[PDB]
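Engineer: The whole structure should be built from the sequences, with the hints applied where relevant.
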Amino acid sequence: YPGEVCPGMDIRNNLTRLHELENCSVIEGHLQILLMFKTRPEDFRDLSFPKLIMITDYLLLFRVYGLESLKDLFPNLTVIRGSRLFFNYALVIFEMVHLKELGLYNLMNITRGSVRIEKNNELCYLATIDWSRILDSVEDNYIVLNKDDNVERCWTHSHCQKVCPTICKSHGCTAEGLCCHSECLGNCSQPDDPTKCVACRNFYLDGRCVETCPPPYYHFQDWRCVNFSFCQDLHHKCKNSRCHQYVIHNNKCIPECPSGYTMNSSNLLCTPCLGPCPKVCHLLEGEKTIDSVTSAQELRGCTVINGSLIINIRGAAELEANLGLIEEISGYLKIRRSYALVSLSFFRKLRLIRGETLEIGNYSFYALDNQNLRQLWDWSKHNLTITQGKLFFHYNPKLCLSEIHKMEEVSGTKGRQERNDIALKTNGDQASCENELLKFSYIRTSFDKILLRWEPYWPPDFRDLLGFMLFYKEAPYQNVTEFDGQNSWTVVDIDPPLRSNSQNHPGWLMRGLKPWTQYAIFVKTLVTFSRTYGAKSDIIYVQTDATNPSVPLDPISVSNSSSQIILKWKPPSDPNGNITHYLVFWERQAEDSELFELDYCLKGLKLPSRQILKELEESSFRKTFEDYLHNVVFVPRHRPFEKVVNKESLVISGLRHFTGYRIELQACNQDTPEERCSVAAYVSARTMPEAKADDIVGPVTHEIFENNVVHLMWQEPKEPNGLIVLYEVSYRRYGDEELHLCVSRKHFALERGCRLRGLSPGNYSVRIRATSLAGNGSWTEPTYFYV
Amino acid sequence: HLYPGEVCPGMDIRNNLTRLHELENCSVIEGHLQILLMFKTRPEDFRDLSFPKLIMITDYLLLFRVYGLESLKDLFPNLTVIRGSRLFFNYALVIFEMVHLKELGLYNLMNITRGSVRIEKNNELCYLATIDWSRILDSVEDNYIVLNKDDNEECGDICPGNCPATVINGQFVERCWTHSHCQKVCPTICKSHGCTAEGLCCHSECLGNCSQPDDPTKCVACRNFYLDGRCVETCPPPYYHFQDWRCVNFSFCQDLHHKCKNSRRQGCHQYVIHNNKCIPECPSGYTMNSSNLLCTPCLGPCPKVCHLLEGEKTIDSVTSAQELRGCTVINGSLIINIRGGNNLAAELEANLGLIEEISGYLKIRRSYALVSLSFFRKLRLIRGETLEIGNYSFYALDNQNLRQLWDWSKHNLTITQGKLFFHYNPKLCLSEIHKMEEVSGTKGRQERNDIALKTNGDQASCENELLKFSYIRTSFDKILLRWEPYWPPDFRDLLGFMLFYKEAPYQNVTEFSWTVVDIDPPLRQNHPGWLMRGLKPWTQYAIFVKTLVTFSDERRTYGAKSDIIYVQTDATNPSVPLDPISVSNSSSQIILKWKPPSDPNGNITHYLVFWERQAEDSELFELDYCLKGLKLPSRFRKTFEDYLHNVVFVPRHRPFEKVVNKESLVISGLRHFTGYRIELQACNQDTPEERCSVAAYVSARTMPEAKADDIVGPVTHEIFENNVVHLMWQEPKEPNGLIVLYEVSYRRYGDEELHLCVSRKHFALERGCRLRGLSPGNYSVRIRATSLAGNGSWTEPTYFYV
Amino acid sequence: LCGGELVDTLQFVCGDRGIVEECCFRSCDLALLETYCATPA
Amino acid sequence: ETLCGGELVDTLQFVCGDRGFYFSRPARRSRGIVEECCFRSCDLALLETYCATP
Amino acid sequence: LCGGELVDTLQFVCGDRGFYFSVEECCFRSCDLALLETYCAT
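Protein chains in written order, with the working numbering: chain X, 1 to 787; chain A, 788 to 1589; chain U, 1590 to 1630; chain P, 1631 to 1684; chain W, 1685 to 1726.
Among these hints, one or two may not hold up.
Said to hold, decoys possible - Partner residues aside, some chain U positions facing chain X, computed with beta carbon under 10 Å:
| # | residue |
| --- | --- |
| 1 | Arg1606 |
| 2 | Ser1616 |
| 3 | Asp1618 |
Because the hints were derived from the structure by calculation, they are not lab data.
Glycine included, C-beta positions come from ideal geometry on N, C-alpha and C.
Structural biologist: This is the structure in structure tokens:
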């Protein structure tokens, strides 16, 4: 094809750059034309691109003034493959003015995607375009706000849509309408000729349309076949450029290796990627600074950092999500003047930092002016290494020197530090780590409450102590950190125990909690400085025992057979322990006896069917008055049931048709020692009626009297759909109509059927139907008697 | 009355009551009385003791762990006034760790001149909340009364009250000392002059109590001075003042001075005369004259040196500072340490302030109530010969309220040796410290970490420079701000602007809630600027900015801040009208009640409301109203355009009325028992392109009438040959809404009555009604019309024969 | 703010002269908003 | 064992007991009782020296 | 929270020790396991 590569590019602010498309044939990209305001129609009747044929990604038109027919500018544009779909769409034309007709008679098919037409007050000729012939999918279109909405198929008044026969669904029809080649699409120079195809249905190769790409040619953009040489050349071109680094996988030149694949230096193939294996992120200046969440947004998925990181957060879980995927830093790490940094826990997966590029002063980790920093990591388990460098720790008011000491003992930088590398009097000035352990005497738990009692503790001056503080919260899993965000960890204050001079233990009992949960608890002292003599205990995990579980949820019962009832339910809202089993009781619901005394034959035939410094200052004031007084004063010289196990549904058999049943449902999380079963949930369900139950079984016995009086005795269906409210009798005499009568339950009981008197001479008939709760049954056989 | 009895100088009792009998015959104590450390005592040992003679105490009264005492009312039945000349740890009356003490019983004490009362750690004391200290002391807030039986327990203070009562905070309560006495309260005209039983005012000079109103001679204690029973405000010569409470002849002072000089007591003072006062020693600038004890002004500037034991003294209370009263040069070091919570500046500057030179160092540690060092009124020099450890001269440590350090517009200072030290002063700005650094002349004697860069003034505002808001714009909810750029000498020092804003319903907003926004510094026109978000319309907001700079220890860049600026967002369409309810009180009137919108969004100019009449259901005209069930009712893609604009932009008439100020509406002239649609809106702007909120809709049906259902017009019948009777009667063409059916009750002469249904289609299509198969005989036919509201009135019986 | 409503913002601050991913998903800070003005429009 | 105020008096009048506590005249010297027993532990002789007669 | 609905807490804290009635200090004041400890009598 005579033309250029034509990478995707856009035209705005004028039509001058449009002339750049004069020497092009096939666009390898997307075209976006928008913001033509100073445009007139007469300036566009002399512009044409007959050489332009193929548009790869998609085409967008917006705010076009002057254009009325695109047939001139785009006469020979054949196919929009939609290799890069514009959000599942390949053509978007929005807010056109003066554009009245489509004009593109040369569009046969779009490989994937759909079209979006909106706000075109002038566009017409939309009812003469067959999208099914063009696009294989016509359910994704959205064409509104046009002139047509405010059969022969034709593009323009002089150009038809070339309506292909039903056989030529995608092959295409020539001038005589004959189907083209299978690889031919829409139109062809010669029918059934792959070389003469105007468009390639699947792939293009040296003027011939083919379904697949034979080796060594790989599927390029799902539109052509390109060998390894050109794909590698494009990859190298992107390598030394700004990018879509082309890689080869599954015979496809895809812009990036997919999940679990690695780019190989030797070959363009995407090998299996070792483990999570996400990526490596670079740093030309090796100093990218993290100012907030937005600056760390680009760091998503980065693991290996080929530079230096400088955090300065002038502010929680946001940086936890953005970070935490990093392992190694080639350069040095610096944290500077970050106000809202409680701990460095988020920076989880680190195990080594090279520090090849060193902070000025030959430093590898540089922490400075960090106010709220309280923890670095859980060094009892977490591992961190430093290849080389020095450390700087100045003006960190809440990091006591124990963490700094653990720094070099874990990183193996004992001798790497020098004098004054770590400040002594400036770090941990507010941190009060006094490493005085507290031991819990004994702990007991109940389903609702738990009791806490620990060993007593007293500073050298017993007046210094100012009560304890108990911290607790729910722990999902066995691990928890004592330093949450800048929150949680519900606290209760404890009055200091009275000096017993035996020894009382302080103790505390909580108030309310969730049964069968894992609770993290720990106690911290609260003393007043004069030195510091604080105390805290290790995080104690307690498991509240179980109790009666909650009620079952969503009890739904359906009827699938006259004896089978299906029952389905949900696990209870509060399991309160591993649920051992379910108890299901079904009890036959007695039918309403009132129907047995209501004469439904009369009116009513309808039948239903079924803030703190002040306290410390006060304590110190009281103490300093006591000391003054002491200095001055002294002077020297049953029902059926079932045990459902590990299942949420059951099928119950042996139930009479159309019989109500009450289901009592309980959940029991204990099996042998007096099962703790919740209060039940109740549901009423009834089977469907039997088809033959309402039909009368038994011939009608008729007795004729001298005065033409007939007594009717018909055997009722002793097993009806529950019961029979009344019987309908349709009796007809020869030469007369089918008279109707109603026999109530009382009427059937006392009259033993029916008692008709005063019958006209002739041959009568007797048809009787029973009306159960299901409805009418079957009429009896006609008893013909001559009176 | 006079003072019959000795003066019994200050004393304390310990370990046995046998010493207490030394209070036998004295009515005034010239010092401090202490009763303390009583263990082997029981209440039966205390019942006998009583001291009616004692009236007034000079310094203070201290009780500390005296067992077996339950009430002082027997012990001190005539204590009236505590002078408080020399307090006990800024306290005038101390009750510390008293066991078995049930009630104070001091029903006679009335005025405490100077000091405060501290009672605590008793665990047995009540009758405390039933007392009024405001009429006893002058500065109530200086008190400290906690940890007794009254607070933790609930000792019921049952007492007569009969007895006067008054308000403390917001409710009245009786003011009683014991179960048998109550605080004596008299009208405020006699503020302190005293008041007799009947309320007559005592003498002006008098204090507390008197026997004869308006007579100094018959008083029990007087505020100014005492002399020869009949006390006077200021006695003339030859009587010289003495201990602020009494004046004596020169012979007394002279002989006591001789008794002190010849008997070399370590505590006695060589009393001298100065301004007719026999004080222990006159201050600097005077020399005691051997001939006459009055000290004459010396011909030289010799200060009164105040030699300090062990070269150091701690100041923690009023009585600690009072030892330095009158001293002007200290031969030692000073350590201010006031563990407090209540102001102590006044007494400090009263006792201190005359100090000029400190030979040693000065150290202010742990002081909490301190607000300024101004009480060192005349301090000029700190020699620092006894330099503090670490080679420091001026020391400051953890002063939570130290705000101003000195008034540098006028005050001089001089530090000879040593270097300063400041740490943990959250309310002290570095400007004051550097101003000392300039004034004291110690600029070249400072090193690293001697002045903490961050701890001093952690949360303060001393930028001392201003910013101007160049351009402010207000809108629906966005507020656009732009201010002049600020540049320190080094632009790298500027770390960024930072903005504060908060809704301001009133003008009174303090300086320095308070929503914070961070601002990136601008690059070096291009005013920094920032725009607002989430502003409630028609609300006033206070806004101001601030600058963040580096440490700037070598330089003096303190940043800047702008004054509070109040801007109110513009108005808008209001919320939905609230509580829209409609009730028909009549057949033609309807009342509507509504509440103002939850979001006024501006001053509500008015309300608008449209009323209209609905149309009855068409199916109601073609329904069978006598079949069963005849009961008549009675009344993604969203971002598809988003990135489209992203690519496009690319980086470079029903009746109504105007209801004013009224939430209740009454409308007349409407069809009775007819549904009506009401829709009401609120409009907070009417003349300039009237703006109204969304429509609040409701429906209401007027009350039904009575004669509308009833049938109007006579009953006509036509009988054919087949005894078939067609009945014609004009329907009530104006019913309550409409009539669904007519009941025709026709009966024979002496027979039963039958009911016939005539629905709307039965009356219209058949043109009336027709009864078929009627045997000859007299009849009686009544017609009832059933309308939407209910049933009508039966027509008159139709008497006819067929 | 987001698409449609950020249009009010950009007529606000621009006067008489990427998107949506920066103000819907991210914060809206007037730093990008001012420089997004199309002066040669 | 270091004992401080409040309990210190209870410790007194037991080691001392019976007789009272010596008190002649003020005549604080900065080493009275608290920096001798509360700040640092004190033996029985120091408590005994505050008795009156022995 | 006081008498009637706190009996479970009283039998919880001391186990099998028993107690004597008085609660005016726990539905207006609060319970803190000290009064709950001393209320139960051995």
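Engineer: Next, verify each hint and record whether it holds.
Structural biologist: Results of checking the hints against the structure:
1. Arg1606: 14 Å, violated
2. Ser1616: Nearest chain X Cβ about 6 Å off; hint holds.
3. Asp1618: 9 Å, holds
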